[PDB]
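In structure tokens, one chain follows: the form deposited without the named molecule.
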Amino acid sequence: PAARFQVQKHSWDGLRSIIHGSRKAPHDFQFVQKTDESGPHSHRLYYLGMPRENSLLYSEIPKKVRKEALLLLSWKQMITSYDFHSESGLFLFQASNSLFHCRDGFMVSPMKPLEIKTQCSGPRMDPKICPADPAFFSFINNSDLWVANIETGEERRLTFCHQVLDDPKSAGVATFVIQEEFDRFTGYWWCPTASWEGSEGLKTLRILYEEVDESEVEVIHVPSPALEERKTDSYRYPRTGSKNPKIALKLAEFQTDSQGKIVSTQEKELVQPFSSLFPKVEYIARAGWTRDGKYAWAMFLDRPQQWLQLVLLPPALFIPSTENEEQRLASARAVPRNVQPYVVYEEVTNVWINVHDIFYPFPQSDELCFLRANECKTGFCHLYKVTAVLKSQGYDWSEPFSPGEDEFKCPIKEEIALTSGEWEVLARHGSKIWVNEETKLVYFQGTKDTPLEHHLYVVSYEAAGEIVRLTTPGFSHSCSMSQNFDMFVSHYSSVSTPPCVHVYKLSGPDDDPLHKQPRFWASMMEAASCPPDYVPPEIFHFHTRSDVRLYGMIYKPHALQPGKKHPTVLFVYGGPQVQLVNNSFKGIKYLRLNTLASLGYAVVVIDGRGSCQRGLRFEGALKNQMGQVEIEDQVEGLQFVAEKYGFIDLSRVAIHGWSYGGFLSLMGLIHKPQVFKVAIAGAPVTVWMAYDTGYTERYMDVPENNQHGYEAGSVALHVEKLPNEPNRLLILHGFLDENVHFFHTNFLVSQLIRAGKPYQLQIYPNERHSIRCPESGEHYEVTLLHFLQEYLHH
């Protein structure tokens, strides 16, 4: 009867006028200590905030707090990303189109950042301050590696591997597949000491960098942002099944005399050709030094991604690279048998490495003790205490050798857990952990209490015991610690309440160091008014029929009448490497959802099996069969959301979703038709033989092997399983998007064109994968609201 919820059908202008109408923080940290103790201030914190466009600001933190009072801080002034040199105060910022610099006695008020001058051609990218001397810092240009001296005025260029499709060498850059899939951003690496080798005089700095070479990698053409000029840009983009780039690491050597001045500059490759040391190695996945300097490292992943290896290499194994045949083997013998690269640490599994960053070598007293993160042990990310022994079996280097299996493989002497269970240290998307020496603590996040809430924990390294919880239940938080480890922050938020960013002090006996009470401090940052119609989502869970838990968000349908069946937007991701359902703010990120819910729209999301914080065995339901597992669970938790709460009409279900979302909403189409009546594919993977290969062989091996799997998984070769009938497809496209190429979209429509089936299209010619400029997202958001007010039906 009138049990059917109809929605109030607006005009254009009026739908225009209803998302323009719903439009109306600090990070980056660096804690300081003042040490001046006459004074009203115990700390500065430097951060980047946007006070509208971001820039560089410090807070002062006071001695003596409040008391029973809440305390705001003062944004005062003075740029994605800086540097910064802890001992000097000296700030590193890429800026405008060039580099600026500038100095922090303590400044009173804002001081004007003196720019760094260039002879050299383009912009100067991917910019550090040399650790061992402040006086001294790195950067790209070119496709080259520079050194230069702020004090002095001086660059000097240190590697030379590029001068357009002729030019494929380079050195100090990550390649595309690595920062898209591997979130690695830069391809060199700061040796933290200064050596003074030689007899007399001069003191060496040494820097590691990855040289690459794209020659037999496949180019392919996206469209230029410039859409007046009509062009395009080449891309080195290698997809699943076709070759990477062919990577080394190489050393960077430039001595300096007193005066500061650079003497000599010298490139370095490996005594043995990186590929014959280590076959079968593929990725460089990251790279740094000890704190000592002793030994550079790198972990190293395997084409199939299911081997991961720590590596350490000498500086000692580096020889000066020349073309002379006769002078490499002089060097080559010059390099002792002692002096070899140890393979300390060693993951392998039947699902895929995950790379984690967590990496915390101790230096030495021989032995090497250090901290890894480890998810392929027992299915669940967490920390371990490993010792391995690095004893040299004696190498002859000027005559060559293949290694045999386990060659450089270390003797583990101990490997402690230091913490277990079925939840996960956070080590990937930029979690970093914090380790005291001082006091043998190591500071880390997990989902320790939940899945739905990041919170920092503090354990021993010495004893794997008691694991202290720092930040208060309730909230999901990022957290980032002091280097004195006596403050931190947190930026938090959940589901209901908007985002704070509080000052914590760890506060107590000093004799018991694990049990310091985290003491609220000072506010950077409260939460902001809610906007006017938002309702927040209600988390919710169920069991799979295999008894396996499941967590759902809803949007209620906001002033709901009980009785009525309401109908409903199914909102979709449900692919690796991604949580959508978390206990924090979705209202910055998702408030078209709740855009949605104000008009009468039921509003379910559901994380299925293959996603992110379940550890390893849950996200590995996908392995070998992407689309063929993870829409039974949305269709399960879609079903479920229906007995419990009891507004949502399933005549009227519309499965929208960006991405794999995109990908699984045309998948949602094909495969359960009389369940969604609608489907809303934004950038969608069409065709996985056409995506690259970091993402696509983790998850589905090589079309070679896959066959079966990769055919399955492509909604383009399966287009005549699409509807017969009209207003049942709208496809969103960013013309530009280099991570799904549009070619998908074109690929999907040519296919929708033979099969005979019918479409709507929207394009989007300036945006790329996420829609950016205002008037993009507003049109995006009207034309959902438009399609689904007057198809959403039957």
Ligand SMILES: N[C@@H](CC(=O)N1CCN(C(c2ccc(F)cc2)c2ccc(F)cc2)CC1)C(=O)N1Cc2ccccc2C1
Contents of the next structure:
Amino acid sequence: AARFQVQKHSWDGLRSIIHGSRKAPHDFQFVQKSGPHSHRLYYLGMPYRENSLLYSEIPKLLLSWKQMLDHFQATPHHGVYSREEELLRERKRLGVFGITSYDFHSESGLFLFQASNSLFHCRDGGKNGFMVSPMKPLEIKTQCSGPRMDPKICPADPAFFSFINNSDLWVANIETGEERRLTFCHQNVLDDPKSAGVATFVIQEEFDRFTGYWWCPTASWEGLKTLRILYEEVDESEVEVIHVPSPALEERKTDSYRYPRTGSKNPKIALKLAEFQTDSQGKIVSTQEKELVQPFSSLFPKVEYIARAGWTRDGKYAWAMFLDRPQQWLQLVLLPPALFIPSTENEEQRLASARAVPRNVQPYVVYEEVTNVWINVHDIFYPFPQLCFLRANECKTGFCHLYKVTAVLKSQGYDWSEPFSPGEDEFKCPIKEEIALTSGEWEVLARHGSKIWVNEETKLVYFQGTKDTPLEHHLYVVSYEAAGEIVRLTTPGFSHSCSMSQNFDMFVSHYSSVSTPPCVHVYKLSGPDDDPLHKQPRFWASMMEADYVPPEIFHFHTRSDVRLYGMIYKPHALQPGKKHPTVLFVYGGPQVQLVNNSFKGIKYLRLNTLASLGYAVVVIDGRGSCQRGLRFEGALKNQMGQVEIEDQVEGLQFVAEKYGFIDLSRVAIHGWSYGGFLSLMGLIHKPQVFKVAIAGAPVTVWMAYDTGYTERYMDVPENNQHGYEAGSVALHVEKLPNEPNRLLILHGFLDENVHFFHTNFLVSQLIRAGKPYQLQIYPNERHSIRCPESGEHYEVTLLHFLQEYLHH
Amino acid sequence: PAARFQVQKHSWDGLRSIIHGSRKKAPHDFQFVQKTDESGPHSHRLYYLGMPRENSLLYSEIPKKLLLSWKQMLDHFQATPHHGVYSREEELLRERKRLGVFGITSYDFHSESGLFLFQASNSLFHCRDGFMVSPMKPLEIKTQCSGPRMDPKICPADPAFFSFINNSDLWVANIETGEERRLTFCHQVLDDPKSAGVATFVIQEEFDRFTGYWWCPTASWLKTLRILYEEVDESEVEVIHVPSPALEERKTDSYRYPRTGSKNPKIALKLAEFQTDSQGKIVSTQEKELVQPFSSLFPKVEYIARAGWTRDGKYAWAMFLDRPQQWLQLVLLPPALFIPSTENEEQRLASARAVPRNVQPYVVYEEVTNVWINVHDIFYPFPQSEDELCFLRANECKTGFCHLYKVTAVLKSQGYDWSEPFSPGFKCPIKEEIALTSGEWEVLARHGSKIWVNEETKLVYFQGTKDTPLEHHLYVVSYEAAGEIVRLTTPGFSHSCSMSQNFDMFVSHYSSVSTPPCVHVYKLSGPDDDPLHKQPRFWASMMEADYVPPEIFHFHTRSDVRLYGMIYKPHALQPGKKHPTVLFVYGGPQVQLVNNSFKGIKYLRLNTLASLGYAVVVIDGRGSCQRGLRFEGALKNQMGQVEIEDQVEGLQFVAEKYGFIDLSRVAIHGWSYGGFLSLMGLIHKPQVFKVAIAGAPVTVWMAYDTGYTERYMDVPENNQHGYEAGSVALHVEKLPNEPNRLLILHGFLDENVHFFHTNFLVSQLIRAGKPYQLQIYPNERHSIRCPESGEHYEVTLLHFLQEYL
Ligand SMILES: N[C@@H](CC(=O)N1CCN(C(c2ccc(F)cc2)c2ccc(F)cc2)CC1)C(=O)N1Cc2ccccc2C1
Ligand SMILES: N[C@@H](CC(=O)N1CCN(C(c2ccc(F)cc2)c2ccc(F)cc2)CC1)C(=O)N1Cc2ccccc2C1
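The form deposited with the named molecule bound is what I need now, so please give it after the form deposited without the named molecule.
So here's everything in the complex, that chain up top.
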């Protein structure tokens, strides 16, 4: 007997093992100042209790985290956020209490942020003066009833700010205390589907747009001072309703949600302007709804989702990213303000203001990305003033790179009075030039809050990328004038998450590795101004510094001739010759890479606990995995739960050969979300390989998941019958084991993303087919698991399931 | 040692095939009809419901001079909707009756015209029965109404007419002409909180009332026809969301569910009148309300338990209950007391002044208790002959055991000024109150048990436990002379009987522990001058019939109270061996599991447990039914606290008497109240019960309804000790830290005991760091209807005991 057996602990024993195991700066703002301190870094951070507004003093060495707010409890009673704010917190996966974000205006020193019920503000820097003690944070009153969501200061005038209240755009004035509503879409459950300024469910969940309104950066002076706001109008009437249990479990009630199924209708959408004029006293004189001369649905037919939007820096154009329903055709459009006429009741009136719109004014479709895989929504779009602009683009080569583009704004001339339906490419601009600023078998980061910082003086664009290796994020500088020598600025051996000064003199880097915890360091760009590309990142100061054996990154190749990366958590105190029981950790879906060179000890602590007890833990980024360019991701197209398991097994057999200690007779597939889907999919296809499976929040019916995600990867149901049925674990329950203790199902009862239905439908089908199952519900938890108590029970149940049942 | 019996360990495949091997409705709802032919071969025709598939309308012939043929009334016909799926109001009415049988569950019948009316298919149907021989096509009744037509009833005064609820309003129609008139206007969910003719949730779930209107038996001469009905308003009653059966649709349904301590609905009695002419057309209609408001006349009344009319049509009647369910009264309501309802207070006051001073509410009977009022069906008004009112009434409160009393109350007209509003706080004098039955036993009056009163012979036939609590028997006693009670059904068996209107025959659905049921038709024969002593002679039979019956036993407790039990022996027992034991439990009020009737249909899984060598013990402890109010009252305000002692007491007695109980391997298990006591067993007696498999448990009494919880446990404001003491969710710290000791089973669609109870239990288990196993039933409410689920339920149960006991 050369097989290693784990110590079988009692339940109190396992509880103490988990309890024993469990016993950073972000959102930076560089403001320059002559005393000892050159800059001030404002930021959000959580010291050794809750997240809050902090600052450090950059001198001329570890920086102190100075408190900016005075004895301020930003989090509510216990931590009970409002119904909308906690869903806003689930969409961003914000699992920290306190001030999650803040708006800032660098000229005035105005900070604006949510906390408890109301909004708050405090003034610091510039014309007010720098505090050297915690400031009293001032409340802003309202006579709006409910919560005030999505605060943003007016860029053109710091006296004004905006917010959503009851699904409508509001505008207020900090100084005078005045409020004014601008949209009137919302008056009710089904009875009020109308909404303005909001990003609807799918847009938040699947497209990562959490706002639906955009201030104009500049103010015009017609004929008073006018301030415009671009905003998405939304109409969720024909979108199917679904009921999900309230966290008020004692109430025994649910919430209506406009949840689009794959195939079913997405909300009807439009962009609208909201103007308003002000005087010297700062009072709102007049307000106006404006809409597009022709309807949004006819100017841009076959457009389903507004991915992104904003303005140009001059305010001469609003813009948006448009997507088609299959998400294979993206467009960038300029919408000039003169194309918007005041929304009016009368047929006689609506043509008068239409006639008044110039023939020269039109929508100019600047850029258009096309593919056979799918469009990923890349954030990067920097228009220069006058059209020249920087854009990220993956479709062209198959890898996300920066291009510089010049578009020709030639006015064809249009009869805006008489009703107009366009041809195929009616608005496409001539692309004058398109320069490849970056190129290669690697990617520029443009999603999940990655961004470029463009310095106009030097003609350099700063960006993050995988140029050295997929395992590491790094900061790179390149010229957009001359696409030439890219210079790496972050030191190798680590993965960096950086943020730049607006002056381009300092920068912060939050960085880590597999073997080392995270650090947050401030680096000064030094070197003469003769050649600005090649300024050395001089280490200036440190914000943060620094049982557990870390895992080892490794790599292998397939019979199809391609690199897949993996990770191994080595069994603690390993004897060569002994073979250990193996927990294969899984996710395997798109938008995720688990195998990279960064510290895993915080989020994936349980994997090291597993390791501490004797388990081999293996992670494999198979085809579909993120960071490897479009074709690598595209391997899943209309075949989810098919390609993934075969390279999960390939990575496990490889691990058996490279390392000495795997027992392939005792392997356990486990993952949450997509991982749970794959766990269930592993036990269907490879029961010979996987003795047990712990599947958590799986999708069992693809039909029951939404438009945005599903249709991007698996097409519409009517177009992909085979793939929907092949990849839906609930329709293949006949192929789950007849042996009990081989499948443990986990699901959150409040899960608003992947609904409990999937499990409820899997069990329904398991019972029908006559199949044993174990199940664990989390009654107070949604897609993730926030409450510690719940988390501990999960981990204790995990160790007990593997202990008793992953055997022989 | 080798004394411990170890059950054969089977694979999950093995268990499924054992369970599959296990599984491999009787006549009811009788109607006697005399043939009216002196020279013909048949004396009677029995009409009834039954199976071969679907529960369809059948009939048998009773010859004058032996199995009877089950003749079908309908021409093939399909009563069940395709794939066996009913609408909302049909399915949630079947759950309240626990109707788990396909097809026609009930019919109305009119014995003058031979007119049958029944809710079949997704509509209404009718047929007439000269007397047919071969089947007939039942005619579908047309309608322009949108939704389901619920609660169909023939108008007793005129078989041309009938009624139904439609969108929670009362409608009247005519099977001859086809004309349809709506009578009430309460409705157009949440937005529509009013309703008329409808029995609300708690009225159905906890009070055994399903109809909310009552035809007047006579018509007064055009001719007019009255209908009594409960007008109801659920605005102030809390709303809760329960998952629809359309799981694929992922929507809940809103119920009006009054949790304990919350408001019940505002209620009232109202009349609905409509005149007709010689050609059958409805001429006019009229809403009518009580001349004084309902809440001022009969204050402190919370639930309308039962209602109807006297046979003459003179007085309507109702049984009223107070919120703590300790005070019941039977009120007479003459039609005179109700006036045309109008918004014009001057037009209404013209009607108010018009109602005479003599007309009045007469509170006839009244029942006071310090335990609780159980709602009993039996109330028979005799016809008023020779200002006063004689009637028969069942009454548990007087002695503590339910017995028939003949009562005469004085209806002395007081005199009231109905025009000017007043507020009292009607009590009739009782002229006499004779006990017709007495003793330490009981007359059956809940759950559709009834008397049959023959006025020609002055006798009252009834169902009771006079001989033994283990058997229901048919008795006859005179109501003139409270004398000799003669038994008509033979001992050894429990019986479910039903009488002829001419009192010459009866059917008896009867059975025993040892023997499967039979439905036998008997004839009452003997001299007519001595009617009490008719010998019941066997006339004919309509039905006859791996199993091993249990044996009933009794033991006494430390307090000297006699508790009955059942035990299933392990099959092919070897004296010496000590077997692992499954204590099957219910333990709540309103149920008796231990009696002398067949168990093998409903409780086959207990024999299946026995077939694999498990001991199965069942004990009816204090709080259980059929033994009078004292015995039930042992629970009052102490649920979860008394029950397990008797259960453990019966379990120790069982290990003594029978030599085969290994007390080291006892598993407690039950559904509903049973699963609650299973959890309470694992908390209070963990040394005694190694595992608990608890199904559909109430884990927070504070979350269960008004009707049930308040009756036994009081309002939470008055009993915070007992609520907390008996809520298993608050005592989770005391549950085991060892895994494999607690399996939780619950129906996801449960609209009675909500899945919340399980949900909230797991929450508290997770907080305490306690292990559990769980199984959901996605397409199941409180009971497990679907075969596949039940099989899965049984395979889990066996595997769980096998692995972990
Ligand atoms: N719409 C997607 C979204 C998705 O697939 N993702 C996982 C979450 N993820 C963020 C994250 C949040 C919280 C946390 F703890 C970790 C990651 C993230 C990732 C990288 C990063 F830098 C910052 C945040 C983004 C990608 C979905 O909900 N499902 C769940 C699910 C379940 C079954 C089948 C398909 C899908 C598809
Ligand atoms: N309101 C009570 C009502 C009750 O206690 N009863 C159950 C229904 N029962 C009928 C029945 C039908 C079919 C079947 F399969 C089982 C029972 C029955 C029994 C005998 C008979 F002749 C005719 C019908 C009558 C009594 C309740 O449900 N809970 C559920 C529950 C669960 C936990 C705690 C308290 C309670 C309170």
